[PDB]
Structures are given as structure tokens and as C-alpha cells.
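K.L.:
Given next are the chains, with one letter for each unit.
Protein chains: 2
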Amino acid sequence: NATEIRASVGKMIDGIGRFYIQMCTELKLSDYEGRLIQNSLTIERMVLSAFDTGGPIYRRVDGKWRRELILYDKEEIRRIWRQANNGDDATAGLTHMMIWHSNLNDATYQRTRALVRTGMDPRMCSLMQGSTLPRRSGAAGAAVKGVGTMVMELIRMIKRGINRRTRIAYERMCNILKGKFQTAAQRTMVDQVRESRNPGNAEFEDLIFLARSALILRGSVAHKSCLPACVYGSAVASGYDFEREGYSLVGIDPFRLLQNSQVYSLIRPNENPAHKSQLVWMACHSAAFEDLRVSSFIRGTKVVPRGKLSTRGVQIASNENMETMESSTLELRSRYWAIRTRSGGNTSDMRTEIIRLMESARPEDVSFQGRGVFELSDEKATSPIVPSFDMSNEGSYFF
Amino acid sequence: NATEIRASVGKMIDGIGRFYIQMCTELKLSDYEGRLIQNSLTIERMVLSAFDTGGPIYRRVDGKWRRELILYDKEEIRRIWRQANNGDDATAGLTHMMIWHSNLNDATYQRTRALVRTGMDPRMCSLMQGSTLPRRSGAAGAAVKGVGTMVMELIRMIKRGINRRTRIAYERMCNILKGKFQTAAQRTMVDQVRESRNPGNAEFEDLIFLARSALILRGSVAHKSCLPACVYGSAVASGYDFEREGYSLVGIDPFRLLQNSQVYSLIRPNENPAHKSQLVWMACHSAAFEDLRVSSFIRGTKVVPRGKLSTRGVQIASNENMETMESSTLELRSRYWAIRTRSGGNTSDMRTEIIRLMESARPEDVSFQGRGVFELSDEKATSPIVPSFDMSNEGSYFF
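Which chain is which? The protein sequence lines are D and E, in order. Throughout the first sequence, residue numbering follows the entry's author numbering, covering 21 to 72, 92 to 202, 213 to 396, 438 to 489 in sequence. Throughout the second sequence, residue numbering follows the entry's author numbering, covering 21 to 72, 92 to 202, 213 to 396, 438 to 489 in sequence.
Calculated directly from the structure, the hints in this document are not laboratory data. A portion of the hints provided could be inaccurate.
Stated by the list, open to error - Label-pair distances were calculated between CB atoms; the ranges are:
1) 99/E with 478/D: 51 to 61 Å
2) 155/E with 21/D: 23 to 33 Å
3) 72/D with 195/E: 49 to 59 Å
4) 23/D with 178/E: 52 to 62 Å
5) 50/E with 359/D: 53 to 63 Å
6) 375/E with 455/D: 55 to 65 Å
7) 373/E with 156/D: 53 to 63 Å
8) 218/D with 319/E: 27 to 37 Å
9) 225/D with 439/E: 23 to 33 Å
10) 45/E with 461/D: 26 to 36 Å
Unchecked claim - Here are the computed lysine to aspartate or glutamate pairs in the EDC-like style, where the Cα-Cα straight-line distance is at most 20 Å:
11) 227/E with 192/E
12) 227/D with 255/D
13) 103/E with 51/E
14) 48/D with 127/D
15) 103/E with 449/D
16) 31/D with 292/D
17) 103/E with 455/D
18) 103/E with 454/D
19) 470/E with 294/E
Said to hold, decoys possible - Listed next, the stretches of chain E that the computed footprint assigns to chain D, with coverage defined by at least 3 CB atoms under 8 Å from CB atoms of chain D:
20) 23–29
21) 154–162
Quick reminder that beta carbons are idealized off the backbone N, C-alpha and C, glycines included.
The shape of chain D in the complex, shown without the other chains:
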């Protein structure tokens, strides 16, 4: 059923577009200045703030870039927003940029300080997908969350409490949690946790276990390709009428759109452009915890690890100066595309059950058997391509 799902989400994409265009028309920005991922970000956040303000806005004068600090009627923003969505709320829409930000943050930063202070192992990076994503996120907003993400929450919710209506949350938060697991025991053990009203260290220690079980017996976590507002604004302005022509966040749509996007970015004096583009590209698909090998394969070019990456962050801090600042054109095109999946793959004390399953598991264990990559011409999911990694690679752990 390509009617609702493909076209209803198109309508949510149209809104973001239209809005971005309106909002650019207010700031009286130029074309080059509306394609500046920097300005786009600021706008996106102005809105999510107002629906739950001012921000940094960069301008282009003969030669150099001028940063403007501006403020807008928090309500005016809310007004312009609905105008674009037919006076609707389109929570989906706000939630969408709510994720684009997430996926950018899960790739720009490593959230160790928080994991440890929670009592999670810092090496549990690949499980913190969407830890930045405000709880306000929608129902299809949490589905993108990693197993580890959920645990950090419950553990804090529990840690302060064990240190009224709050209950329905906890059970559900677990049901979701449990719905991440895709194996008997995994599933069953979550229940054994959800049994206690005042779950103390008994649980505190057990979920942490299950957290680690997912490192081997992963769960189902959806990935959503959420592009910057500018990309959708520009597309809408170019005539693309997505609600009519349909759009996806896990199909070929997002890659194809990024195959023509003209996004620019501010870039510090010593930073590497190629390295900058990489970053953004990984935020456009939630590939911050993907196997670098595959990311590079699909990308078309080296996908260098975080450490070796030359950049501190896409947003420009108030600290920096504009004199020594310039801007490059972001390389967002990719070689092939792939169905962003949700599945994690698979081959007494319920712990034992898992520990026993954990064991038989080898890192070499092939997942998504038969699934492959698609050419950018292959609109339909017709012919798949299987990658062979016998190759001089460059790692697998972005972090």
C-alpha cells in the first residue's frame, strides 16, 4: 500500500519544504545563503523550540561571511509553520527534524560522559542510537532508538526513584524495549525485569546485562534517512511535489534526493572539506554506528573513522570568529543505496539462556542473507548486488 504511507509522508515532507522556503523569504536570504546547512539548522531549531526564539544566521558579503544573531516571535514561527502545513500541526514534521538533529548528533559526538555516569560501559556506543532525541519525539520517533538508548533512561528514571502515573511509562518503556529484542530469552527476560514496582539494583544490574546481549544478539532498530530542512525546501521549490509523487525515509527516495542537493557548509580554516561532507552524509542516513566497510562501500569513497576525522562540529560556536572562516560544497552523493533496515540479524536463570546464545555467536556470522545494494538507477527494488569485502579496508568501528 503505496498510497497512505508513501504519499502521507510526502505531505509531511512538503510542509518542511514550503516552511523552509517561507522562512527563508523572511530572513531575506539568498539562494546560496539558503543552502547553507548552517542557516538551515538554526531555522530548524527555532521551530522545534517554538513548538516545545532566535539563533545564529550567517550572511554573505563581498568576500567574507557575516554571522547575525537574530530573534523571532516564538509564535510568529508557530504561525508560519502551520501556514505551510495547512494549519495542521504535523507533529511528524517537527519530529522529522527532531531526528535529523538526532542522527547528526549521534555522529558528530560520542556520549561517554553520560553512559558511565549512568553505569553503562562506554564501549556501548552502538546501542545509544537516539540518546539525544527528546522524549517529545513521536511513536515512530522512538522506533529509531537503540536498545542501549532505552536502558540509559529507565536506569535514570529508576536510579533517582529507587534512590504516580510514572508507572504506565515504565512498563511501556520496557515493552518497547522488549520489542527491540528478536529472540525468545531476550524477549522473556525483559518481562522478568518489568515485574518489579520499585525495581532496584536487581533490575539495574539485569538490564545492563541485556544491554550487552544486544552487542551480540542485536535487536530491531529502524533507521530513518532524515535530510536537513534546506534539502527539502530546495526540492519543494524545484517543483517536486512529494505528496503527489510519493517519498520514503528508508527507500531510494532519500538517496535520490541527495543526488542533486546543492548543500553548502561553513568550514573552519584547518578543516578538511572531504571530511566535513563525510560527517553530514553519515547523519543523513543514521550510519554513525554502521560498519565503516559497508558505509564506504555504498558511499563510493573512503568513510574515515571519527578519530581521523578532521572536524569538531558542523555548528559554529559564538567563540569563533568569522574573519578566518570560509565555506565548502558538501559532497552528499553516494555510489549505491540500500534498504535502511530495522532488523539486528540472527543465526533457571534466563541469563544463562542468553549467555549460551551469546556464545555460539561468531562475528563472522553472516546477516541479511541474500540482501544487497542497489544501483541508483534501480528505482524498483528489482536487482540486488552483493558486496564482497575481501579488500584493503580501513576499520569497522566509526568510534
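Chain D is already provided as a structure; the job is to place chain E on it using the hints.
P.N.:
Just chain E, lined up with the frame of chain D:
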């Protein structure tokens, strides 16, 4: 009358055999792989589930053991089953494996969590024979139940209620209960309990008493030697045609059969084979609450207590891995054999009557006077052998 009883039960044994063989022929297992108590179990449970599914199936490749997770048409299973029993249901047959599982569980595990949560003393182990045995078990299925087993039920049935047709159950459940006792007062006091429609703590407290009376003035509880499906499958395949040659569950038949069985078992890296065999052997005769002294006497070799036993359970959990897994040949042969009995032995406020009887009772009080053990040649019950326990023994309480 050795016609119906000996041959009708043979026919139920043929069914299990035949079926196991058919079912092995489907899974395309090998001879060694059909003798693996592990696989046998899985099959047995696949069936009891379907008559009231998939399971763990271990395979043998060059060197190492491969665990397959498989699923079968719940109805297909039911189809193959009847095919083996002449299109009959042979509830007896399912009930038989229903017990083999029971007797294995009453020996592999100690069910304390449940006794206490019911309000029974954890030290009432020797009275929980068949607590695992689904209520679906047949009429000759409950006869195997310990006095304590019944109490845990009524107490829960009562505890939730006191906290329509359900009545005929309660009275009968007591009549059975009462039919366990083999002394005046014991018998009479059960009636005094069965008098109340809504039996509250009045009863709750009284049966618990009677539970403890059985620790001294035991009741009649039948023991059934129920071997794994593989053992009967293998036997049937070897030509033994039990319905014609007769078979028992409380005679020499079961021991004799186990004198030639070639059963193999998966065994964890640090576990003791000799210790593994012991376990299974005790499940083959419901000797999980027998006096270790006698068990070892008949066994032929030390029957070590549960604590000192090196093993966690015969079934392999999903947690574990196969790399560090190997398999041994189970020692199920015994020195002598003995008529598995049913009898527990024997020498105002009806409580008083019992308490007074309780008293005169000494642990040294000899039971089954004159009854002895038989050589494995002594097919007939001809010549009995009396054991003398003056000896450096190793305990009496498996638990």
C-alpha cells in the same frame, strides 16, 4: 492378569518407539544423532505441545556439534503421532513422556521458590513428587504425585478463591489426597478438611499439618520408570515388539531395557560425565527423593548428592555456545533392580491423634519388611536380596 496390563502398556510403548523412529526419519538424523537424549527431549516436547511448534536440534559435523533451531507443523506432528499409534490418541503415551519429563525435573531441580510462596516449608522436598507434572496428566499420572504435591495446588486454588464447577475438583483433589494416606486419622482428617465450601486459613493451616505428617507417616505414592523416547524408539527399531512380549513401568522391564540402551548426551566443558549419567539414571526411576544409600546400592556405584553434583541441567540453553561443547555416553546400567513401590511404609482434635502417632515413630523404623532387591538375571520375582547398610555411606538426602 498379565494380558491387558502387561501387553496394553506394551502397545503404548510401541507407539512412542515407532513415532520416535518416524520423527527421526523426518529430521534425517543419524543413529548417533537419534540417541542423543538432547534431541530426543526436544522431540518429546514438540509433541506434547502440539497435543496441548519447534525446538533445539543438535547435529554432528566433522568434529563439532551444530545446534539447529527448527519448527514443524503443529498438526503434522499430531498426524505422525497417530499414524504410529494406529490413528489412536494414546493419551497414555503422551502422558508417559509427560512423566519422563516430570521425573527428570524433580531430580534436576529443587522447587523451593514455589513451596515458600505457597506457604509450605522448603524442607518439604520429598513430598513434591510431580509438582511439574501438568494437570492434563492422566488418572495414573496423578497417582505418581507426592502428598506435598497435592497441597501446593489446593492451597493455590483455595488461596486465590478465598482471597462454579470448580467444586467437584476440590473434593476429588482431596479424595486423591486422602487416598495417599494409609492410616485412620490421616484418612479421617482429610475429610474434616473437605467439609468447607470456602475453606479458609482453617484448612490452609490444617493441610500443611497433614503435609508434615507424611514426613513421618508417609503415604502411598506410585513410582513409574519412564525412559526417554529414544530408548523406546531404539528398542522398537531393534525388533522388540513390546505389545506382544509385554512391558512394565514398575517391574524388571525398564531396568532390563536400560541395560542395553546406547544413550548419548551433550556435556558442558567443565562437567563430569559420571555425574551426568547419575542424573538421568535417577530420572529414569523417580529416585530423586529416594534414600541415597539405597539408590547407590541398587545403582552399583556412588549416587552423589545434588550439591556435589557437577551439572546444571541436561537441556542446553540458547545462551551457550557449541564451540566449547562435546558429548558423552550416559551410564544407565544398574547393579540390581527393585519393585518400584507405592507404599510409604508403616509401624478431640484429629491433629492430636496424628501428633501422637508421629511421636512413636523412629527414623530407624524398618519398612518393607522382607522386601529386597533382585538380580538382573532374576526375571521372575523369585529370589529377593536383603541389603545391609552397615557401611561407609555418603548421606541419604539427595537434596
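K.L.:
Of all the hints numbered above, which does this structure not satisfy? Sort the numbers upward.
P.N.:
Failing hints, ascending: 1, 2, 6, 7, 8, 9, 14, 20 and 21.
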